[PDB]
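Start from the sequences and build out the full structure, keeping to the hints where you can.
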Amino acid sequence: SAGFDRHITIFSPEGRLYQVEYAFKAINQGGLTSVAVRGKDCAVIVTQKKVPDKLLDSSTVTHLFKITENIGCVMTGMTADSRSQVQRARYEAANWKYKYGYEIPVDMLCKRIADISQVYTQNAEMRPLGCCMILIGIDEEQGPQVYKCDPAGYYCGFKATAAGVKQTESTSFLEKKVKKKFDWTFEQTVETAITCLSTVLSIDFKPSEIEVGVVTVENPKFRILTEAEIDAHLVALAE
Amino acid sequence: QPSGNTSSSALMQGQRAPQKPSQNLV
Amino acid sequence: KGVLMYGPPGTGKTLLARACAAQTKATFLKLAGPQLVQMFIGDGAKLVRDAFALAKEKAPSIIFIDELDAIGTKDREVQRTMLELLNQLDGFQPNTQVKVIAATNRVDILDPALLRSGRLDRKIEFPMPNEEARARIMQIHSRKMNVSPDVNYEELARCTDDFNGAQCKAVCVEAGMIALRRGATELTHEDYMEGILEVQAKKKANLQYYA
Amino acid sequence: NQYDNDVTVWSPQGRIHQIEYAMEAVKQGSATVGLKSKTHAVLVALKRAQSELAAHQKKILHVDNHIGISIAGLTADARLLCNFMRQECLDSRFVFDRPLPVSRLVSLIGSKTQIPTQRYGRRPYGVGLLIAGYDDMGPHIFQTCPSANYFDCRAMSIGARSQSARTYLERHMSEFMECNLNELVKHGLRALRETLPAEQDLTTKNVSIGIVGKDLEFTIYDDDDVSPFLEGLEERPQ
Amino acid sequence: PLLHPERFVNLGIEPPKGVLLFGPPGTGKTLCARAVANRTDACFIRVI
Amino acid sequence: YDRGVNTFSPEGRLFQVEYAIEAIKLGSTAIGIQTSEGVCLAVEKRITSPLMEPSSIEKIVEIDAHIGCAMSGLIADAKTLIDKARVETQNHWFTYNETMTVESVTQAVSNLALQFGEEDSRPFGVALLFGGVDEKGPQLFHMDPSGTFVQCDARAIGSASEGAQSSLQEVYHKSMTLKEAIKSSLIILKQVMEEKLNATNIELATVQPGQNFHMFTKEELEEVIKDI
Amino acid sequence: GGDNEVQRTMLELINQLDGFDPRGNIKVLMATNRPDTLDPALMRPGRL
Amino acid sequence: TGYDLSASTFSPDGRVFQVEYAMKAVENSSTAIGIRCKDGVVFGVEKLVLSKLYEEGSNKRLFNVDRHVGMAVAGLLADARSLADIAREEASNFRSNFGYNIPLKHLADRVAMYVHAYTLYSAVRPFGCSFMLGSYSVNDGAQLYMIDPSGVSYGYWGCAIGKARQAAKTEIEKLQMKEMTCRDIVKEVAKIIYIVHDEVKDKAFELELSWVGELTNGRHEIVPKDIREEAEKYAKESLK
Ligand SMILES: Nc1ncnc2c1ncn2[C@@H]1O[C@H](COP(=O)(O)OP(=O)(O)OP(=O)(O)O)[C@@H](O)[C@H]1O
Ligand SMILES: Nc1ncnc2c1ncn2[C@@H]1O[C@H](COP(=O)(O)OP(=O)(O)OP(=O)(O)O)[C@@H](O)[C@H]1O
Ligand SMILES: [Mg+2]
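Residue numbers (the entry's author numbering), protein chains in the order written: chain A, 6 to 244; chain B, 11 to 36; chain C, 221 to 294, 303 to 439; chain D, 4 to 241; chain E, 194 to 241; chain F, 8 to 127, 134 to 241; chain G, 290 to 337; chain H, 5 to 244.
Just so you know, these hints were derived from the structure itself, not from any lab. Among the hints, erroneous ones may be present.
One-sided excerpt, in silico: chain E residues whose CB lies under 10 Å from chain G [claimed, not checked]:
| hint | residue |
| --- | --- |
| 1 | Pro-194 |
| 2 | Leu-195 |
| 3 | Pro-198 |
| 4 | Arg-200 |
| 5 | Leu-204 |
| 6 | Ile-206 |
| 7 | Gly-211 |
| 8 | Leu-213 |
| 9 | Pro-217 |
| 10 | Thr-220 |
| 11 | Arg-232 |
Derived pair list, reagent style BS3-like, types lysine-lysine, alpha-carbon separation capped at 27 Å [claimed, not checked]:
| hint | chain 1 | residue 1 | chain 2 | residue 2 |
| --- | --- | --- | --- | --- |
| 12 | A | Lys-185 | A | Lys-71 |
| 13 | C | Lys-221 | C | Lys-351 |
| 14 | C | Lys-233 | E | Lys-210 |
| 15 | F | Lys-203 | F | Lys-32 |
| 16 | H | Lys-205 | H | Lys-237 |
| 17 | A | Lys-55 | H | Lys-207 |
| 18 | C | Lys-431 | E | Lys-222 |
| 19 | C | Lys-432 | D | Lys-50 |
| 20 | H | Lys-178 | H | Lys-167 |
| 21 | F | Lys-187 | D | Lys-61 |
| 22 | H | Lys-207 | H | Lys-173 |
| 23 | H | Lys-167 | C | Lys-351 |
Residues of chain C placed beyond 10 Å of chain F at every Cβ, according to the derived structure [unchecked claim]:
| hint | residue |
| --- | --- |
| 24 | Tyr-226 |
| 25 | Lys-233 |
| 26 | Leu-236 |
| 27 | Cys-240 |
| 28 | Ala-241 |
| 29 | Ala-279 |
| 30 | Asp-286 |
| 31 | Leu-317 |
| 32 | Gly-319 |
| 33 | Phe-320 |
| 34 | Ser-376 |
| 35 | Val-379 |
| 36 | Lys-430 |
| 37 | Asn-434 |
Virtual Cβ for every residue (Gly too), placed ideally from N, Cα, C.
Here it is as structure tokens:
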């Protein structure tokens, strides 16, 4: 082909600028994949962990970060950019709470991040910070909310989300799965998530290499599932 | 760099043929 | 049965091939690629086939092939010659007592003579001269000349970079002539440095805004 | 070659060509040497003439009662860094009523010259300093390079064709410790003749000496007190 | 090397056998070539 | 690839200052001599048209009552150097209530010079000769666009610099008198000129310790010329 | 077609310029005004 | 190729080239090894001599960042010195702000973020240093961390940086580090250093060791000369 805009952020003929696509496919060098689902009183995030050596510690690899007492986040793509992004998000939440007196909903926080990225790419001289965003949180009279932010300033919230390397297969599998019936029960969500990852990766999971995170109306506090309880969940779903 | 170029040519050497000798030696 | 090696043109691979030939008695047979293109009749096919037949004759035989690699990747002789090479390449006796050495400086194209599936086997890379390479090369080529004992070859290796063994030989040549200019009885480190400036045609003067 | 353009760009071999290109700026100027004793630090500079009727350019310049520098390379950056020297030493004397130790001054200079080799819009400082000083720990000899690397050395020499001075220093390294001034001076300046080509010899017109001691303030001699130092030396073995 | 072939073997060097000449047009090359063909005392061959 | 003042060379040679160095080559010659009795200075005028006003074009300007400057090279930049020299001299006098040595004046000027790219433009393209009488006696200094000091006993700048340098080297000696130096310099200037020397092509300047004023000669050059 | 012939010609020079059996007291001069359009194979140490 | 000049541009595949050029540039520095014992942390560095005119105290690669933190620079020296200055300033700022010693994890994150700040704009170039941080506290134990120029930071039990980055850790991992004190580590890491191509083709080098853990009451300092020389004897005869 040809590259009118291959070097910077200007419009090509046919009106398609080429740097943001490179940013989009720069998301796959992480070599991971994550899934997120929503049930009537629960929100679940599942992802896998790769530990290629034993000299590596185990508590300094998790990609699950706490945003605030009711809002949790998961990351993809490269690493450092994710840390900068979560630092910005924490700052935004604190400022909102100080200014307005009540709690930040997930919607406004997601919009703030999207606007940041958009202004960031409108001008030149700044590399558009290539990492994807997924957040979950519980609020009242809406229940569980799951949202995702895009390196081009797009954001949307939806029932079944997948990201990483195998999205084209995991999303299709979730489409086939969810059409029959809604995942009403709490444990069906974990069922569906584990089964989706197992089928898309064509392998079952040793418990020490999986990270999951759930939030429920019973306790909006963010919580990370420990090894024993994931053992119980896996052996229950895998009889 | 597109091409609209040209070139020269070498000749065709093969032209000779044998002929009947007409020596007169007694 | 055949081994390839590639690298920068300054590496002097011919040195290695020749030294290996001296270290054997396998009826040294030599060839050059461009010189094989002759008379627009794919004649190179006939010469290649002659060569291999002779190799089968003089069973302890090494094939030496160094240059030709372009086969028209952008000429009707060249495809035929590549055919001759490639077919006779895998027609060799499986017992394998003739050997083949191919030492080209390009890997610029890969269409000709695929390096996998048994058509070709071993590869060798050649680095550009390293730190020890330069000191060693100058130290060997100087061996005939009378040299002062205290030449710090390490500084010479330090100042040379992007600058290959053949040029180091040229420096070893030039220092002697320079010394002959002033009638010097033996070479000195400054003579070497001036040579190391001479071979790139630079000139030294007093610029008048330094120091 | 397109990587050989600016300071902010790397190379596929992981090198920056601009620092290396600024390195040879120190090979254009004259040669000078420096060394230290148990109680004194002495540096020697060769003054280069311009024409037959022009004054020779000066190399050794005064900085402060306990610190001096030589010079080798560009002229502009030389005066700029000298100005910085004076300013910093005077500030420390004003604030703490004590002289500034040499080591932290050198560290500050490294910090100062670091910035241009990473920002866009300025060239590095191509000057080969040699710092000689005396502090509570005794004498001190230091070197800096355009690459913002500073070294401690017991003896050093820089400039055009400076390796010969290095080799001579190596073959006579041992005995610099116990010798005093009036032989250490000629011991050090015996290293310049190797720099000189074999047709001319060192004279009384083109040499400068700087000495700093424990009780002797930093002092510069040239053209008048050089004669007591240049008398009685072994001529080159021609 | 064509008149005093002893310095090279005395010191231990070998005489070169090829020289290329280059410069801007008019600088003065072919004139030097013509000059050396006067005091050559040997066969000279002009080549078209 | 020397299209930048802020760039080095594969051998380490700045290729912008060199061009300004040679830009002086096509100015006009000027010769200066130092002597125990005082400092002498001569120039060529190189008049363009007979319809010019001769005094509008000058080469010697008196910075102070005891210092003088000769100029070669570009025209515009000379003004920017000269006014700074005058201002600095007056400021130093105001602060310290005395007159500085010529060496410090050269120092201030050069300190201005070396900021072509140092701050945060092209380098200046002129060459200057400073001559004066300080407490040490007569003094003469040479200043070039790189910002380098130098003291010279006798020096010629501009075009024909090397042409006159060799000739000047053979006749100078320290045991010299001002009267003889003026004549020698005029002889040199006659040889290097292409127009027949007269009184409308040169202009002199002399400064003496006890005669620090009168830095010109006007229309008695005719009798200075005729005795050649 | 026509061009390649000259190629052969230049090769016949090069391999005849060097090889084995030192040529001896036979010297060659090359002169040109346009050096940058020369085949690098000519600048081999031993030929020029 | 293109796309490899600026640090603010993506490749068609989607990776920035300047940072990885820095990655492959840092490889040529000499190897330094950080290891931890159940009650301390050990830093070991190899340092090549230059000429014979050096006092042996030049080019120190161990820096007193704070009262309890260790520094393990490896790469281009000037950039490392600048980073050390940044870390010192950050620690002093935190001390003034809240009046107690900075936790190791927090400081490591701050320095990593500041390092990451130089991989976005096109007017600057990425750093050329990867190093280590380590600290022992009576409340938190022994902590180690490693920083690379890309901007990635997390901990280890033991790691190495240099040419033989993996070769050293190959035989480091065969040590059951969980239960011996650092007094034995001091003598074994010298042999660890001497194992991998120290003077196969070089001229000479010299080794320096650091000390931080429970023994020093949370203090970080260079090892005493007697223990270091004893370790040298043990390692050199072990080499035999
Ligand atoms: N490692 C080396 N040691 C000594 N001499 C060397 C070395 N490498 C190259 N040379 C020099 O190179 C010359 C021979 O190499 P040659 O010119 O044949 O190069 P090559 O790279 O093999 O050629 P080609 O361009 O055909 O691939 C001799 O002058 C030899 O001294
Ligand atoms: N240094 C010189 N001394 C005397 N004459 C010179 C000099 N340089 C050039 N010339 C004159 O140049 C003229 C022709 O020079 P010449 O034929 O050598 O040029 P050339 O460089 O070979 O040119 P081209 O490459 O176009 O053939 C002669 O009239 C010769 O007198
Ligand atoms: Mg001609």
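How the hints compare with the structure:
1. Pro-194: 7 Å, holds
2. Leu-195: 6 Å, holds
3. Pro-198: 9 Å, holds
4. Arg-200: 16 Å, violated
5. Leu-204: 19 Å, violated
6. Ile-206: Violated. Min distance 14 Å.
7. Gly-211: 4 Å, holds
8. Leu-213: With a minimum Cβ separation of about 4 Å from chain G (threshold 10 Å), the hint on E/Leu-213 holds.
9. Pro-217: This hint holds: E/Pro-217 lies near chain G, its Cβ roughly 8 Å from the closest one there, short of 10 Å.
10. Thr-220: 9 Å, holds
11. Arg-232: This interface hint is violated because 15 Å lies over the 10 Å limit.
12. A/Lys-185 x A/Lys-71: Distance ~34 Å between A/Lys-185 and A/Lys-71 Cα, so the pair is violated.
13. C/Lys-221 x C/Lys-351: 12 Å, holds
14. C/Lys-233 x E/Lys-210: 24 Å, holds
15. F/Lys-203 x F/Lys-32: Answer holds: F/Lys-203 to F/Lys-32 is near 20 Å, not above 27 Å.
16. H/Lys-205 x H/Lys-237: Roughly 22 Å separates the two Cα atoms, so the pair holds.
17. A/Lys-55 x H/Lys-207: Violated, because 42 Å separates the two Cα atoms, which is more than 27 Å.
18. C/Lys-431 x E/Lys-222: 21 Å, holds
19. C/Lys-432 x D/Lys-50: 19 Å, holds
20. H/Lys-178 x H/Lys-167: 20 Å, holds
21. F/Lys-187 x D/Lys-61: 23 Å, holds
22. H/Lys-207 x H/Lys-173: 24 Å, holds
23. H/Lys-167 x C/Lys-351: Given pair H/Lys-167, C/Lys-351 holds - Cα atoms ~25 Å apart, limit 27 Å.
24. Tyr-226: At about 28 Å from chain F, C/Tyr-226 clears the 10 Å cut-off, so the statement holds.
25. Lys-233: 29 Å, holds
26. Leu-236: 32 Å, holds
27. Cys-240: 38 Å, holds
28. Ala-241: 40 Å, holds
29. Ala-279: About 54 Å separates C/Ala-279 from the closest Cβ of chain F, which puts it past 10 Å; holds.
30. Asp-286: 33 Å, holds
31. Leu-317: The claim stands: C/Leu-317 keeps its Cβ more than 10 Å from every Cβ of chain F (closest is about 45 Å).
32. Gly-319: 52 Å, holds
33. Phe-320: For C/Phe-320, whose nearest Cβ neighbour in chain F is about 50 Å away, the distance exceeds 10 Å, so it holds.
34. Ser-376: 27 Å, holds
35. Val-379: 23 Å, holds
36. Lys-430: Nearest chain F Cβ is 7 Å from C/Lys-430, so the label is violated.
37. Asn-434: Consistent with the label, C/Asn-434 stays out of reach of chain F, its closest Cβ about 12 Å off (over 10 Å).
Violated hints for the displayed structure, listed by number in ascending order: 4, 5, 6, 11, 12, 17 and 36.
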